[PDB]
Structures are given as structure tokens and as C-alpha cells.
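Colleague: Listed here are the chains, written in short residue letters.
Number of protein chains: 2
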Amino acid sequence: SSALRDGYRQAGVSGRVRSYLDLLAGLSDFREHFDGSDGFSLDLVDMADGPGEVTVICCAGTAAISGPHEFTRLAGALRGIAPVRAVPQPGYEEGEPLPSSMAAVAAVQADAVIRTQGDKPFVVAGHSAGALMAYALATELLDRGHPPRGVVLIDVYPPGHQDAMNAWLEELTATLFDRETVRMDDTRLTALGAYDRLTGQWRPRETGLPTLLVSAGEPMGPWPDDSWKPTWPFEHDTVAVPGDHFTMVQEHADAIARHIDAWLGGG
Amino acid sequence: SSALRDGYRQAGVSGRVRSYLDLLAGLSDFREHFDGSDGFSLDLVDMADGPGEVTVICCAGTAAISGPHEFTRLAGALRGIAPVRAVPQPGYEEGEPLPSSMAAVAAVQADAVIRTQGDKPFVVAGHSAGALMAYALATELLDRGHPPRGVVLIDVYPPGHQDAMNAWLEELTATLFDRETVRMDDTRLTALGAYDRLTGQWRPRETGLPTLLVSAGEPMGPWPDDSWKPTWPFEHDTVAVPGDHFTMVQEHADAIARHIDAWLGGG
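Note that the protein sequences, when read in sequence, are chains G and H. Residue numbering for the first sequence follows UniProt numbering, beginning at 2904 and increasing consecutively. Residue numbering for the second sequence follows UniProt numbering, beginning at 2904 and increasing consecutively.
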């Protein structure tokens, strides 16, 4: 077993999550971090080859349970409509190094797709806390010399806005600890507490491309009035979905796949 | 194939070990604890019975590779002279919780000492940080109706007195990584930080028990003037034993045996 998986759940039961995070990032100095000068390489995932003239891409967030083991859910719902590429995160499997700073990592997966694609249109579709990174990737892609086609976000909570909700959900992530398709050993945790320091210094920029949210449904509890729901500081158009945070996409992947079919046909 | 193994290694090549400990104790605060008002025990590791009048109780260490397993060497040395009742430090092997302070660990280990003993005299002993634990066990027994005949502080390094010396050793241990007797498991490295803050703000008390400090012969390397080796405030006879801070026990057990007898012969 392990030693950290123990404190993970003993924190959520009482209420001392914040103090735990200040501990984690403390160990993020003792490794072999890379930069745009040495050498690295990854190998894409083999998934679907379905029909379509516009393919879609996707990725994962930070919440431990992330991985290329759970998106096979939406894979079946989207088949017939369009293809789906699988871009894995650099680290979740024996034999890998860690980043150096926020605007450094992006010079890696940039070159990889500029070799395999060719001349096909695409779009993005992330989830969870990761809905921040999915936005950041589209920025460097815009002026390098190859603009996207349109993003579709799903539940988010960016910095410089709501100081309450955020850390309030992480407290729940430790209490709601039902099993996942993969075991939680001594590697999938040190990465979670690592991006915490990163996501606290970023602040969005103003761009001009078509956005689309897909909000949730029934609240976790007997919550008061208007004290939730995402609200980005820019401008966009929205569409809902029936469900809740922690699961949604799993047992509700057919729904969203239809909410996107109506979008791509106009804008 | 853990992760907390290399993280402890790469920390020695750079030169930062202090801030690495502030966290080890942060993680342990979450594990289940024992302070005196809860069930928990520890079977004294049976070493070798035999002749004698004043058995040597040798408490376990506080390092990563510590435990009553190391005292196997000294156990064979004391065959005929005096037996060894090596007290196991909790938290290191799978399943055992961690204490609150020093008066939480030395207490639980005190119970086992009186139980198996009885009207038979004994002399506690340890090694460096483990000696801080050994003394604490011997002092707690002082006014508790069972003051041991004495102690043998082998290369003990008292905190608050040796700032640069004791800390430079931890920085050396990391670069001394080379095949251990018992695999450096995850639950051992966490217990390190636990005991670090315990023995950290722990200032020993005075007693009328004879102490026999055992220092080293050759330094850990090139040393200018007299500023190495273990020290102590109270009155105690001191005697040296060859090998540096790491091989004065693992590769030099017998040399110490003849030293404690000449001491027990007096009073």
C-alpha cells in the first residue's frame, strides 16, 4: 500500500484540506525537470477511426481520477458523428520527467501534432479543473501559424472571481472516495499538489473565438439561492445538461454529444 | 519501485535536506496517532538469552534503515557477557501508528521494558538519534520506580547544541545511498519526519544515572580542527571506537561490547 493515501481521507472528514496542500508542493524541488533545450518524446493512443469531415480532440484535468481509462465512455456516444483523438498527459506511467514553469511545457506537444495531422480541421472538449489548460493550449496555437475552429468547455471556476466555491469542493473530493478503475499508488498524487501552485498565478487574456459551455443540473445539497454556476469575465453562449459534478460524463455521455451536433452546424 | 526513494536520493546531490523534513512531519500529522489514551503495543525483539546479571536493553534507531535488525551484530557479540532486549521503535513497520511528542513514544516502550524484566537490572542503549530515544526511555523509568543501572549513548547527537554537525550528517546520509539490509519502504520515510519534530524540540532532563558515551575514531572525511564526534552536557565517562558515524556499529560491533563491561564492573 502507501502512506499518503491515508491522510487524504482523514483530512476531508475533519476539515483541514488547505493546510495539506501547502505541504505537498514542498517536495516539488527534488527531481529532474526539463526545458526547451534537452530531449523528450511521447506516443499517442490508438482509439477510434469513425466518419466525419471535422475531428474533435479532448484531454483530462487534475483531479486524481484522471486518465485515458475513462474517456472510452464518450467514445461510443460520439461515434458516427465524428472521429476522436486521444492526447495523454506527460507523466502518468513509469519513466517520465516533470515540467519547469507555466509557459514552458507547451513547447512539447506543440511539435508532435504538427507532424501527424496534416490538413484536417479540429476542435477541443475538456473537463474538470483542466478546463483551464484546454484554453491555454489554444492561445499559443493561434499566432504560431495555425488557428483552431471552436472550443466547447464543460464546468469551470477560474481565479480572480469566486473565493468561496473553489476550495469548498476539494473538501468533498476526499469524503466522496468511491473506487476508480485504477489503483491510487505513490505517483498519481505528487502531481496533483504540484499544479496547485501553478493555477494560482495565471490570469486570462482577451481573445475572440466562439465559446460554448455545458452547465450541470441538480445541486449536491439544499443550497440557498444564486451562489454557484460558472461566469467567465468575457462573452459567450450557453447550453445545459442534467446531472452532477463527480460523475456526469460517465453515465451521461450521450447527452453532451448531441448538444455539440447542433453547434457545429452554424456558429 | 516507489517514488519517495529517488526523491530522497536527488536531494543529496543538490544540497537541500532541511526543508525536506518540514514536510515529512506534515504528512505524519494525518496518519493515526497514539498519545497515551488508546490501545497499542510492541513485542520486544527476542535476541539471545544467556548468562549475565545486568541485561542491555538496546532501543531501535530513528533513521531510514534502523530497527532491532541492526542490533543483530551486537547481539552475537554479547554472548556470555550480557543479553540484549532490543526495543522496537513503532511506526516503521506496516500497521503501526505515530506519536504526538517524545512523551508519547518513550511511554509505550516503557511498558514493555518492565513487563518482561522484573527484579533483573538493565542498562538502556542506542545510536545517535536512536540514542535520543534510548535516553528518553531510560529517564522516563527514572522516578517511575525502575531507574536503570545506566546507559550507553553510542555516538549520540544532541539537538539544539550541534546545529551544523548533526544537520551535515543528514546531508551525508543521502549521498551514502548504497544497498540497505531492509528495503527503504514508504512508511519508514514518513515516520522519519514524525520523530524529527518530536526529538526536535526535545531538551533532555537531568538524572543520577551513569552514562557511557561512545564516540567515533575516523571522521567522515577531511576535518580542520576538533569539531566533530558526539557530545553531552551532564557528567559521563567518554570513550572512542573506530569507523565513521556509519560503520562504528554495522561493521564494528564487538569493539563496543568490551567497553560496557568495564563500566558495569564498577558503579
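Please keep in mind that the hints were generated in silico from the structure rather than gathered at the bench. One should not assume that every hint holds.
Some chain H residues close to chain G (C-beta under 10 Å, calculated; not the full set) [as the list claims (entries may be wrong)]:
no., residue
1, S2904
2, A2914
3, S2917
4, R2919
5, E2997
6, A3013
7, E3083
8, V3085
9, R3086
10, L3092
11, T3093
Cβ coordinates follow ideal geometry from the N, Cα and C atoms, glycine included.
Colleague: Hints first: check each against the structure and report whether it holds.
Modeller: Here is what the structure says about each hint:
Taken as an interface hint, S2904 of chain H checks out: its beta carbon lies about 7 Å from the nearest beta carbon of chain G, inside 10 Å. About 5 Å separates the beta-carbon of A2914 of chain H from the nearest beta-carbon of chain G, less than 10 Å, and the hint is met. Because the smallest distance between the Cβ of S2917 of chain H and any Cβ of chain G comes to about 7 Å, under 10 Å, the interface hint for this residue holds. At a threshold of 10 Å, the smallest CB-CB gap from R2919 of chain H to chain G is about 7 Å, leaving the interface hint in force.
Satisfaction of the interface hint for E2997 of chain H is found here, the shortest Cβ-Cβ separation to chain G being roughly 8 Å, below the 10 Å cut-off. Interface restraint check for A3013 of chain H: the shortest CB-CB distance to chain G comes to about 27 Å, outside 10 Å, so the restraint is violated. Interface hint at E3083 of chain H: violated, since its Cβ lies 18 Å from the closest Cβ of chain G, which is beyond the 10 Å cut-off. Against a cut-off of 10 Å between C-beta atoms, the interface hint on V3085 of chain H is violated, since the closest Cβ of chain G lies about 16 Å away.
Interface hint at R3086 of chain H: violated, since its Cβ lies 14 Å from the closest Cβ of chain G, which is beyond the 10 Å cut-off. Look at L3092 of chain H: its Cβ gets to within about 8 Å of chain G, closer than 10 Å, so that hint holds up. With its C-beta approaching chain G no nearer than about 5 Å, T3093 of chain H sits inside the 10 Å limit, and its interface hint holds.
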